[PDB]
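All chains, full assembly: derive it from the sequences and hints.
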Amino acid sequence: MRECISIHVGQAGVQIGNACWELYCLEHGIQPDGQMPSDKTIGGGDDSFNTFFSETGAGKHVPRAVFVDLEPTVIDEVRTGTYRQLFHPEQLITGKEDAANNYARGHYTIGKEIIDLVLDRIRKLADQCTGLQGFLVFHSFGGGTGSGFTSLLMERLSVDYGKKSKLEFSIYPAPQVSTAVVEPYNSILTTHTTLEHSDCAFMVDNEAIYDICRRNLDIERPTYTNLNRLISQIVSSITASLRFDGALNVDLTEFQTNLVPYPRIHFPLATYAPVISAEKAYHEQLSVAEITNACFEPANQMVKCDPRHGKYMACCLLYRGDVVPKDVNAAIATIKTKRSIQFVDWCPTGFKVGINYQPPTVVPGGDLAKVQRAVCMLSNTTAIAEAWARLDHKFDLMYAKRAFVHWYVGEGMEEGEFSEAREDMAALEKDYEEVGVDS
Amino acid sequence: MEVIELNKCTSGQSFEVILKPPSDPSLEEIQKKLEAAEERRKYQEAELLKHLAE
Amino acid sequence: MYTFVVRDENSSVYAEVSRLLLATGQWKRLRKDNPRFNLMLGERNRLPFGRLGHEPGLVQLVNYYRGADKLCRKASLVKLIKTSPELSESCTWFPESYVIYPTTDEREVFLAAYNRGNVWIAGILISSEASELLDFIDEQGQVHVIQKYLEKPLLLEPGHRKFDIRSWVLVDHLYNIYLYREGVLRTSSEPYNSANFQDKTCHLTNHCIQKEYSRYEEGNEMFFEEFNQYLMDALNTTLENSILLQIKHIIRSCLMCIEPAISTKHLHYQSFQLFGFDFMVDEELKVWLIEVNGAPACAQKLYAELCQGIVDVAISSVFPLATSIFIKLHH
Amino acid sequence: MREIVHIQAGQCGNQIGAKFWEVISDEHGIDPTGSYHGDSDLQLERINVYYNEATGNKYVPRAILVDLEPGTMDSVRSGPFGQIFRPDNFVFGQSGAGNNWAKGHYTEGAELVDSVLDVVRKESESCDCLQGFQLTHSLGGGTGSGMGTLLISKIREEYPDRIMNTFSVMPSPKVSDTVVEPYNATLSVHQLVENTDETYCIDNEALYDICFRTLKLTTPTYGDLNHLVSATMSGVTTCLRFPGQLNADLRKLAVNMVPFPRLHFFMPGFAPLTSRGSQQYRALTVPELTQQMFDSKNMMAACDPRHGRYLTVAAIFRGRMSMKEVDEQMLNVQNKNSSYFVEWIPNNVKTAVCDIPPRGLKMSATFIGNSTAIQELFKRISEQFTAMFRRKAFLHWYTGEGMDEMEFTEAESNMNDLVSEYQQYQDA
Ligand SMILES: CC[C@]1(O)C[C@@H]2CN(CCc3c([nH]c4cc(F)ccc34)[C@@](C(=O)OC)(c3cc4c(cc3OC)N(C)[C@H]3[C@@](O)(C(=O)OC)[C@H](OC(C)=O)[C@]5(CC)C=CCN6CC[C@]43[C@@H]65)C2)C1
Ligand SMILES: Nc1nc2c(ncn2[C@@H]2O[C@H](COP(=O)(O)OP(=O)(O)OP(=O)(O)O)[C@@H](O)[C@H]2O)c(=O)[nH]1
Ligand SMILES: Nc1nc2c(ncn2[C@@H]2O[C@H](COP(=O)(O)OP(=O)(O)O)[C@@H](O)[C@H]2O)c(=O)[nH]1
Ligand SMILES: [Ca+2]
Ligand SMILES: [Mg+2]
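Protein chains in written order, with our numbering: chain A, 1 to 439; chain B, 1001 to 1054; chain C, 2001 to 2331; chain D, 3001 to 3428.
Mixed in with the good hints there might be a few duds.
[Stated by the list, open to error] Here are the in silico distance ranges between beta carbons for each label pair: (1) D:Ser3296 / C:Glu2218: 55 to 65 Å; (2) A:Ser38 / D:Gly3360: 57 to 67 Å; (3) A:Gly162 / C:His2331: 57 to 67 Å.
[Claimed, not checked] With a straight-line Cα cutoff of 27 Å, these simulated DSSO-like cross-link-like pairs (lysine-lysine) come out: (4) C:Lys2265 / C:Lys2200; (5) A:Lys96 / D:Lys3297; (6) A:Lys326 / B:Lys1020; (7) C:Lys2211 / C:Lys2200; (8) D:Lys3154 / B:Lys1042; (9) C:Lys2211 / C:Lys2265; (10) C:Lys2028 / D:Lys3297; (11) B:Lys1050 / D:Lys3122; (12) A:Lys96 / B:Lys1033; (13) B:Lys1008 / A:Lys370; (14) B:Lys1008 / A:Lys336; (15) C:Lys2301 / A:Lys336; (16) B:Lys1042 / D:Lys3122; (17) C:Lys2265 / A:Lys311; (18) A:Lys112 / B:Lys1020; (19) B:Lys1008 / A:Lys40.
[Unchecked claim] To list a few chain C residues with every Cβ distance to chain A over 10 Å, as calculated: (20) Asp2008; (21) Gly2050; (22) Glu2089; (23) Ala2112; (24) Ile2121; (25) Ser2127; (26) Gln2140; (27) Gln2142; (28) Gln2147; (29) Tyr2192; (30) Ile2209; (31) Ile2262; (32) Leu2267; (33) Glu2305.
Honestly, the hints are just simulated from the structure, not real lab data.
Yeah, the Cβ is synthetic: ideal placement off N, Cα and C, and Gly gets one too.
In structure tokens:
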């Protein structure tokens, strides 16, 4: 067993992190105080769930997690909230004032004054790891910390841990819930810097989460707790394989190998179904056919885009609940004739499939109903470059007038780093188009 | 069409199904980057304090 | 009030559309790069599809089906028919064609069936023995297609002249397939040249290569009431029975084939689009499909009517305001 | 605790400052003696943005009161909440400034400034995490105008990296009859253009019209004007004083509102408008809140929004209402009048909703626009300035304090540049 360390950066990473660790605990039967009756190795072990938890002589299972916000408001909630015994203080790291939705202030100005203390607290976790495999980094693109500190920490982690893997869970900026008009700036900036230090990035457009919450959960104006519970499920699906017995995606290097043939095109599209309101008065349960088909509907993706107008390089079906292979292939058979699922010549048309018999765990009281089977698809499609195009277009509109640029320059960043980052994204968009050029 | 690598636990199953075959900076350079920046800024601020003293 | 932007300034068709829409007091035109539109009359090239359907508060509708270029490019149309079960060699209405590259093409598979009264066609170039044809495509550098030339066309009288037929098909967001009831034959001024064709004007009936060499029709446009009245008197039939039934079956088959790849049923933006379909009626009254045009122009006589139908079928149906010129091809 | 140091200088500055303090004190549940008596944990969460605490669990406005003459101080000490202010925080002289900017900036106020700065630096050395400063003052007089901006130049030199914020009351011949006010405003605007991060332009032209026209108040008093001015100040500071996501500190606010450093002059707006003492009979609907607060008749600077384009915009709603309907209504505004928001700042309108309504309303909306239409404000003052200055009229009241004409030519130039600068981005 090889341990995985989570790193929650910024308000979004921290609040998403909190929801994941609550979902995680429910799933492995760990109580709000790290106690886990079902573990019979008191004091430790090397079970599959020890990749995400380490063990205390007195019986505590404590996340291999580190939270870091540049101000105290949010992590204070964790220090005081319901799961406060689960983390020990050394891993909740908070600063004085924040990065004011300014990438340059999180990377250059305030970052420098905290990078070392954070790397310290991280190495403390590596030291109690028999065979550490890599990092799971949770952050937003749009704030100052989540973009600019996160890109600084990444570059340090690559220097300090070359052998290790790093996956991202990245919250893509959406007007319906954004709190800054500079978010496209911070998003290009931190994607450019981080591209070469992240092995696999799971982008979640707050826009997509928001509509799923309105359309399928009947939530008038979804809040961050709605958004984050849904994100906790998608994320739990993608990490189920590292915390449970299985033979698919059993270590971070396999997300690389299964999903990412090209290092820069490391942004696989997640798709999840079924999302059912727990308020629905009885629900006609969905079939393997029905849930697997759902996976090719844009309205179920973590990023709106049209994978018909691009090619595939990889595709994973992660099932949870009551599923047997015959059904899955029966299902894949039908849709293969109904849908437009063209791969890139230099790749085979196939699906890797993972089934975990234990159905999706529902947060008691939450908005999600408890379904007898569920599925997350991880497809590396080129249609996800739609999301790059529209974010790059917003950057261009503002940048051609230098609007707000003076805030980043005022922190010591040179105007030129803007065009460098955007030039990268222009290359990245060309890469994407080359791969999917055919029809 | 072809089911490969089938593996079964008591938690679930794993397998592949293929329908058709085919056909870095250093802690050194990082400091020069950051310091140059806090440089570019401390100078801008001092340009400001100098104008304010005029 | 609805808003719309105009991003293809050389569209006679959508100049009239925006003219009508404005002429209603319920539509405003925006700066082309203002994101807060309801209707994009989009560009012809690299229309930014991925930017549509992400403006909250806005239902957005655009006048092109992404992916519809597979049906409207000559290299692609051929590949679409051949490599698609719903059409395939199941096809009796498309001339024999092959794609070819000026040195996954068919220049070798083309010679194969060539061993057999062989006349073919390529800015175009027709011939009877290959070599010269294959040589021509090797001259230029863009992919080229070589379909059998239709040796025995149906010839209008008086004149003994060749014609093609243009039908405009509108497809709305629901994927209704609408056939404007008025069509046009683009005739020829000079009589068809049985022996010897490498001259053109009298074979190629394109309006341009004929307002440059031309008598019986104004502008060389024969509309349907006259072509029907002619068919009755010379062939004892109707346009309906003889031609239109095959046209509808060709339009309906083509667009349903690609409907899974370009439908916008559950998409975050909607599409409609106007197609120009071009047909060839041969000696035996068998219709053949030539090209599909993704940005048709109209005929001057008919702009008024087709352009109000577009507004009513395709735009007012999605943004309603404060006895039909079309034939819905029921699939 | 991200604290804010409040400075109020001059008659106007001290009178709208004292009225800001009694209004937010209510909102937070502090009585004139500094004791909390509220019915909500929401009232105390961010209390330390504007207050200090002492033994007895009393709250003291983090506020400094400055005038070159001794009234007003007396007026404020003997006002409703007069007794809450730390007494050592009253800093005042005796001479006065005679509505003379040079007296405030250079001569009289020079003598007094350091005593103001020691209370400022005292209050600052006592802060966990200082956001910056907020000053209230007028531009038409001598003390708030000339000494107000002197203090901004000093404070910025001591705190070059904190945020400087002002509520700057602009003069209008509809309300006052001192001929030199256009001089004191143009010398002040030059200063504000160079040394503040955010300035709310409270225009006495717009406050007068709202009171006379809209509110039917045919003999308006300053208390009437200041009623509108404290509703606005309360409004535009909600996001700093309660919990929330949008614009919750001054730097956050500046990064959202200020796309270019000199264009930091804001049009406040508010709805519903109301006379002091106006019995309020029915709430507004969320759609009435919205169309109204973007209405020109509700702006606190006298400028026509439809004569410009909005660069950035912040909207604040207060009271129990539906997020869904606010969001739908804010979206319709931008979609129905979309040419009024520059297309090259995507999504330039940010919205917050606070549950706690202001005093006496069940529902209000506060608007903060950074519109190029505010050039109309600077053109009005520049035209009044030019008419006198082209004959150097009244200059001796200033040259006799030591000033030189050239300093006038420079203010006039830097403000004409500010106008031409707004015009640039209004065409673009
Ligand atoms: C909110 C703070 C204030 O209270 C607002 C004001 C002024 N102030 C003192 C109060 C006062 C007023 N009037 C007075 C006459 C006196 F002998 C002594 C005192 C006053 C005002 C009032 O209550 O009026 C009934 C009052 C005053 C004025 C006014 C309206 C108004 O109220 C609707 N105009 C719009 C101005 C005026 O120039 C014009 O029309 O052109 C624009 C006036 O010319 C006319 C009408 O002919 C007038 C009238 C004396 C002429 C000379 C100097 N201008 C300076 C202000 C202006 C005058 C209330 C501050
Ligand atoms: N879905 C979701 N998105 C969030 C959440 N919190 C923050 N975000 C995203 O983050 C963006 C704002 O920037 P943040 O990443 O939160 O910045 P921060 O963590 O507050 O740190 P600062 O740089 O100091 O602002 C918003 O536009 C959101 O899209 C959350 O809890 N859930
Ligand atoms: N809105 C409002 N404006 C005021 C008030 N008091 C003064 N003013 C404005 O301020 C200008 C005079 O400035 P003044 O008070 O003499 O400045 P000071 O000498 O520095 O205190 C006038 O033109 C008024 O329009 C007030 O209570 N409310
Ligand atoms: Ca164990
Ligand atoms: Mg934060």
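Handout entry: Hints not upheld, ascending by number
Key = The structure conflicts with hints 4, 5, 9, 15, 18, 21, 31 and 32, although it agrees with all the remaining ones.
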